[PDB]
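These are the residues of each chain, in order.
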Amino acid sequence: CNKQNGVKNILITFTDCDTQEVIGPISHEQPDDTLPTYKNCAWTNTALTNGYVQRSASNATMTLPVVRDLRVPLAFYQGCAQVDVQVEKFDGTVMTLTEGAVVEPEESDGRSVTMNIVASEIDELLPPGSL
Amino acid sequence: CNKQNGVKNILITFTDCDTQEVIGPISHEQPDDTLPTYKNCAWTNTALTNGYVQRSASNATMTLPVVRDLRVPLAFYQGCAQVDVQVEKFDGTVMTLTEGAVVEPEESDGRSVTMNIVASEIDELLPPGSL
Amino acid sequence: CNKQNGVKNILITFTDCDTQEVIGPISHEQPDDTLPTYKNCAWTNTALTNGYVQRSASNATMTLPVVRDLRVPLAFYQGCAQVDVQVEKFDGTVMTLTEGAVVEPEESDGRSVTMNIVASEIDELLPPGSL
Amino acid sequence: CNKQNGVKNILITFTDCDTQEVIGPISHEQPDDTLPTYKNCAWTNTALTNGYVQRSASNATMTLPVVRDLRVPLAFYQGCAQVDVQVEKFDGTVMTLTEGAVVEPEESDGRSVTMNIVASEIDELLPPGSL
Amino acid sequence: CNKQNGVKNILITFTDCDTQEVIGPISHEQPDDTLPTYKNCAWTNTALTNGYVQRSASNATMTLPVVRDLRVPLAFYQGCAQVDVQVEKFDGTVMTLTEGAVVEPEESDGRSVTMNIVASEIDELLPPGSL
Amino acid sequence: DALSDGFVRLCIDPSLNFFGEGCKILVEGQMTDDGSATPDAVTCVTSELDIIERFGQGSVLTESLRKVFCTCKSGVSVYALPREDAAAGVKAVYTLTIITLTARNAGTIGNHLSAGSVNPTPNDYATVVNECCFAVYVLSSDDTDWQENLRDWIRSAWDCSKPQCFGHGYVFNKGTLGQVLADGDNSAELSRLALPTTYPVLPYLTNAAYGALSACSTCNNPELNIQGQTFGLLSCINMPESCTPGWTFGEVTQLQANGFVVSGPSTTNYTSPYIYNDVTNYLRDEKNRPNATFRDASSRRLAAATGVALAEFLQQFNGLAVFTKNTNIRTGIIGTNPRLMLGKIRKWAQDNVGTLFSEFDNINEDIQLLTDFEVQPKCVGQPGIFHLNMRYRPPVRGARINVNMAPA
Amino acid sequence: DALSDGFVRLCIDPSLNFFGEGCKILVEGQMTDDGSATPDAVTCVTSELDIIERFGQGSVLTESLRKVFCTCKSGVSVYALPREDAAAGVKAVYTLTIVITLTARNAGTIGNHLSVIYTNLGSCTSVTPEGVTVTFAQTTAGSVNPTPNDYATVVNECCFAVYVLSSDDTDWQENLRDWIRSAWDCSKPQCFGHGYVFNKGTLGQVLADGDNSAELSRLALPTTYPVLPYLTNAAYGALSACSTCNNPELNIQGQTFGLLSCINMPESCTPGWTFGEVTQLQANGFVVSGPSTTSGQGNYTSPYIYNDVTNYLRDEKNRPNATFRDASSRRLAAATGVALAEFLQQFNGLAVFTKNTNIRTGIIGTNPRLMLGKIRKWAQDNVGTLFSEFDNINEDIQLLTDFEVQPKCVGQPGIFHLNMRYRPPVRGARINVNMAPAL
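In order, the protein sequence lines correspond to chains L, O, K, N, Q, c and d.
Residue 81 in the authors' numbering sits at position 79 of the first sequence, with consecutive numbering throughout.
Residue 86 in the authors' numbering sits at position 84 of the second sequence, with consecutive numbering throughout.
Residue 104 in the authors' numbering sits at position 102 of the third sequence, with consecutive numbering throughout.
Residue 27 in the authors' numbering sits at position 25 of the fourth sequence, with consecutive numbering throughout.
Residue 25 in the authors' numbering sits at position 23 of the fifth sequence, with consecutive numbering throughout.
All letters in the sixth sequence, in the order written, are residues 4 to 101, 158 to 173, 199 to 352, 357 to 496 by the authors' numbering.
All letters in the seventh sequence, in the order written, are residues 4 to 101, 157 to 497 by the authors' numbering.
Treat the hints loosely; a few may be bogus.
Quick look at which bits of chain L chain O covers, simulated, 3 or more residues with Cβ under 8 Å [to be verified]: (1) 30-43; (2) 54-62; (3) 75-89.
The calculated DSBU-like cross-link candidates involving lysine-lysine, where the alpha carbons are at most 35 Å apart (straight line), are [as the list claims (entries may be wrong)]: (4) d/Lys-435 <-> c/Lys-413; (5) c/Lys-27 <-> c/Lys-94; (6) L/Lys-5 <-> O/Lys-10.
Since the hints were made in silico from the structure, they are not lab data.
In this text, a Cβ means the ideal position worked out from N, Cα and C, and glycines have one as well.
Please take these sequences and the hints and turn them into a complete structure.
Following this line, the structure appears as structure tokens:
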């Protein structure tokens with residue numbers, strides 16, 4: 003059935019900045035039913051008076067709750083490494099993020115982590131048939 | 003099973019900052035179903051404009067709820083003594099913290115205390131099979 | 003677009019006064035949402051008694067916060083070289099400044115620099131439809 | 003990642019003006035999120051009327067908040083000794099200062115000292131690819 | 003801990019300049035989280051052109067917030083008496099001061115007083131391991 | 004003496020190289036018998052002091068290499084291909100009436172100073213330079229046979245059968261209008277630098293200077309066009325000022341039309361000539377008469393750089409895993425399916441815009457990845473192999489202005 | 004003393020062995036008489052210092068062991084099988100005319171492969187003094203190599219994962235091949251293994267040395283190969299062993315998995331093999347190796363291998379038998395067989411009901427259908443680490459008692475019959491990018 007909302011594959015690649023060693027792309031599993039959340043548009047608007055809008059540069063963010071891999075140190079998930087995350091949905095859409103960084107790491111219990119990944123841009127694949 | 007989430011051992015060693023008396027290590031038990039929660043990455047990140055990130059020094063923290071031992075004064079659990087806490091999970095992960103300090107004590111009822119321990123760095127044992 | 007307020011293109015040309023190398027025009031990026039701030043009229047009026055004002059020669063001044071370019075020395079942004087600045091807003095107008103000078107530099111951290119540019123005149127594009 | 007803003011190494015060398023004893027270079031640690039600020043241009047441009055400026059001799063200043071070392075007297079941080087500071091950022095930039103003097107000492111609590119260093123010139127490294 | 007910032011002991015000895023009555027040393031107390039501040043270097047520097055520094059004589063100042071002792075008159079804390087203060091920080095550093103005089107007393111509520119102690123020189127202990 | 008005792012070793016040699024650098028350039032020219040370099044052997048040259056002994060004194064290759072070092076202070080690592088003079092080499096004979160002058164190398168290379201014949205035709209690139217990859221090839225003579233052979237070998241270097249080894253060549257053609265046009269070849273692997281009959285400076289010197297300038301300008305920036313008085317100025321070459329132009333304006337226009345690089349004076357004392365255009369010679373496609381896909385020299389460098397960068401980026405997929413068709417990837421397995429590969433390729437192409445491409449028109453159409461077991465007809469596909477297509481678009485640069493003043 | 008009285012016992016020494024063996028490898032080659040190792044007897048080596056004591060210095064075996072240790076920092080245990088030089092001591096003799159006469163330290167054709175190069179020309183720092191004309195043209199070549207053929211006695215029932223041979227003797231190679239083939243004998247419990255050997259020479263003769271050996275990995279080496287062939291062979295074998303070990307799926311390919319870091323070879327402009335016959339070697343089951351960075355002159359470069367395949371090109375009769383082409387399939391099959399043998403061991407001694415399939419309460423037993431269900435569950439649990447997704451689980455796994463697979467009164471109680479048809483995982487090999495600089 004095409005009418006299905008979910009995530010099919012999650013791939014994450016870690017690149018330690020100190021030693022330039024690349025790990026991955028390993029596959030990951032969701033901890034619960036909360037889907038990854040995106041924000042593609044790289045510009046943030048602000049409301050002004052009578053229809054005007056102040057346009058300013060900002061980031062493309064992404065929130066990724068996943069289950070940590072027992073072969074990967076926990077510090078790689080909390081901003082000590084550069085992430086290369088790529089997520090595929092059940093409807094065919096693919097989210098590709100490269101050269102990302104974790105901004106505000108909350109404390110985790112050692113099984114489930116939530117990344118606030120920031121990047122210059124995020125690529126949309128748009129399964130066939132566009133515009 | 004190899005598929006289990008939970009803690010197995012929690013050892014805390016208390017060192018008095020006045021008389022240099024060392025106590026422990028003493029095993030402890032959870033007061034509830036909440037697991038100890040970790041933050042390993044010693045650097046913190048701040049979101050900037052268009053993908054940039056500002057790196058600044060930070061701490062490796064831990065939240066640890068435990069049932070206090072009746073042989074140890076309550077003041078030792080609220081920042082008047084050093085703590086050398088060490089936790090081992092069921093899946094083999096062992097997190098080691100030494101020369102820690104309790105930052106923000108809270109009103110405990112006399113049985114269960116919640117530590118917020120801040121230390122320079124936290125070590126991970128990362129059960130066999132890595133990277 | 004329709005009624006947006008902001009900057010899209012910033013061009014700065016650096017001209018050394020002691021060796022006469024010219025670098026630019028190089029594109030630049032804003033560090034935050036603080037737009038450049040302008041003063042075109044080259045005269046300042048001092049209020050005098052009974053509706054009278056005093057006309058004295060003044061300077062067309064420009065304020066420009068930009069992100070430092072890693073291939074350009076920082077001293078170029080602090081008054082050790084002439085600046086030729088040209089910026090385009092989202093609405094379509096273009097402000098052109100030629101043969102500028104930085105008057106009151108302040109200490110910067112090496113990534114974000116605020117320029118206080120002085121000149122003799124500043125040009126305006128005034129998108130089609132004037133007076 | 004190369005999309006990172008922050009310092010990586012800070013080295014200070016103290017040269018006492020009485021006994022000509024040299025101490026350093028010693029690594030130092032930042033006290034808080036504030037980054038050191040620089041002013042490289044040795045001239046100042048006092049604005050004049052109708053586009054003219056008045057160039058005059060000045061100093062290349064610097065502001066350096068650091069955590070003092072317990073092996074160095076606090077008086078060395080407040081103008082009774084010379085300083086040879088060298089700051090390296092995460093993007094490869096290196097700022098080198100020599101024959102500097104702390105110009106305006108300020109009340110310090112004994113842990114964190116903020117320096118206002120005045121020197122004839124400051125040299126940039128400008129990671130490869132320049133002008 | 004050896005990684006703690008703060009004050010441990012404050013000792014003040016009062017000697018009135020009229021009756022030459024010596025009271026102390028008395029252990030004092032901190033009114034809030036603000037720690038005493040220092041300027042140990044006895045010479046002051048001022049900015050000149052092209053890296054020059056004009057050296058001038060100054061004092062080794064001290065700011066000291068303490069809690070008034072009900073057995074001691076408040077006028078002693080506000081400039082009618084000499085103070086020989088000695089406060090030791092948690093890391094072992096000792097700031098020994100003798101023959102100090104408060105310069106600019108201000109309104110106090112009767113419990114907390116903020117010293118502005120001036121002196122010719124201040125001693126420093128520099129816990130073992132120096133230069 | 005001083006600090007120099009054991010630790011720290013000093014040396015005051017006034018002729019020293021700096022670093023190995025990159026962006027290797029190959030120059031080929033005849034060498035005199037006085038030189039010591041082995042004929043038909045490619046070697047690296049580090050400084051200008053040892054050229055005079057290795058390639059002789061007054062030889063064409065020595066002057067070309069000296070001019071290359073003059074033009075380029077840094078950024079290239081030159082390579083030289085010395086050639087011994089022809090066995091049946093007639094020497095060039097000059098006569099001055101006031158002194159009898161003779162060239163130092165036999166052949167026609169001595170007749171362009173203001199007569200010898202038979203130039204050596206080695207045709208040995210396949211063995212002397214087998215797998216070395218040179219960005220710029222420099223030829224120091226007007227012999228059409230050498231130019232044809234070098235063009236043929238460079239074309240063979242881009243052949244699709246064997247792994248590509250990209251490069252470009254610079255040659256000169258000095259003579260009258262009729263002579264220079266006949267030399268023109270449709271191949272874009274060479275850039276014919278046209279020179280007038282009354283050109284004072286020796287042609288090979290100018291050709292070597294132009295090649296060195298092109299290589300040192302581009303190097304890691306394979307988009308800059310050698311053009312104008314700022315980017316295409318040969319500061320080393322000096323020629324006396326003259327009131328008679330070497331080429332008429334219409335002559336320049338016709339030479340510009342037929343893929344010829346035209347030089348011009350700077351003042352119209358000695359003046360340094362500067363290049364007008366960086367166009368290659370790509371008049372026609374295999375049958376398409378107009379084709380601008382390879383007119384500019386920047387096109388070849390951009391194509392080579394894009395190819396090399398894309399090949400390097402794809403190397404991560406070397407035996408990683410491919411869960412094509414099959415199902416979704418399990419947990420812990422390190423792999424990827426064709427959809428994710430296409431997404432990553434699209435992301436790489438999008439991030440590379442602004443330095444190698446220009447915006448794009450429809451990235452969902454220009455980029456197209458396809459598994460091989462379905463690109464070919466039924467039962468023709470084979471497993472464990474992919475396909476990829478890419479219609480990238482090169483950047484644009486400025487051109488003529490057409491100003492029109494009018495008073496009132 | 005310094006508070007070291009009792010509890011603590013310091014043993015400071017710059018030579019220790021750490022790992023707990025696992026994923027064994029065997030190296031067999033000639034040995035100098037200086038060493039004290041017992042001839043024709045497999046021995047276990049523990050470190051690098053003892054190598055010179057056991058097998059001497061300068062021999063092929065000690066150099067191979069050094070390369071294996073360099074390539075494999077940890078994760079495997081190294082076993083060595085010393086061999087004495089042949090009776091006919093025809094030691095190869097070289098000549099370094101400047157005149158220095160060079161003689162190989164072990165007799166036979168093993169000493170006939172040695173190239174000496176000189177970093178002449180510019181090379182910046184390598185400016186040579188005037189003169190010094192180095193020449194290298196050999197004087198005579200050795201011959202006669204040992205043919206032990208005593209595997210059945212020296213190594214009787216010790217299963218080895220990787221066999222390393224340090225000689226080009228075709229008789230020795232075929233003897234090792236025959237023994238390893240005999241290790242997969244259905245009449246005996248198997249010792250699954252795989253041997254790596256090299257075949258140096260021109261393209262015409264190397265194809266003749268090859269055959270349908272699925273249990274050998276022939277490494278093609280050109281005539282102008284600088285590095286000593288046995289060093290490269292040992293490095294390749296050690297890299298394969300340590301890369302797979304407990305992960306018997308990885309293909310040894312690319313600049314990330316197929317890099318022989320320890321081996322270094324001088325830069326060159328003639329790329330050894332030529333592209334057309336590189337493809338020719340690729341087609342007929344030969345392991346092709348190349349330089350990491352061809353470019354031009356400069357410094358040394360590490361070698362670089364391709365096509366981690368075996369020399370298996372033919373089925374029993376037909377041509378296209380790809381079931382054993384890749385070397386990864388070999389280790390996958392061995393691991394699956396061993397793991398399945400371990401898994402079924404739980405049924406040994408168990409009670410089995412076939413006629414009345416109603417197990418009484420409290421009885422510890424099972425029936426064939428429950429065994430089939432458990433086997434299917436085990437097979438499904440190994441998808442992604444040993445098998446593909448799967449074809450069709452109903453028909454490719456069959457459990458049958460011998461009663462219904464044999465005719466009247468031919469069966470016997472307690473004997474089953476299990477048939478499995480798995481498929482190995484899939485991996486990518488080529489890209490075939492097509493660019494178009496359209497305007």
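Results of checking the hints against the structure:
1. With 0 residues bearing a CB less than 8 Å from a CB of chain O, the stretch 30-43 of chain L misses the requirement of three and the coverage assertion fails.
2. Here's how the stretch 54-62 of chain L fares: 4 of its residues keep a CB closer than 8 Å to some CB of chain O, so the rule of at least three is met and the hint holds.
3. Here the stretch 75-89 of chain L counts 6 residues with a CB under 8 Å from a CB of chain O, which clears the bar of 3, and the coverage holds.
4. The suggested pairing of d/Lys-435 with c/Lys-413 holds, with an alpha-carbon distance near 24 Å, which does not exceed 35 Å.
5. At roughly 33 Å between alpha-carbon atoms, c/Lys-27 and c/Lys-94 fall within 35 Å of each other, so this suggested pair holds.
6. A hinted pair counts as satisfied when its Cα atoms are at most 35 Å apart, and L/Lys-5 with O/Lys-10 does not qualify at roughly 44 Å.
In this structure, the earlier hints numbered 1 and 6 are contradicted, and the remaining ones agree with it.
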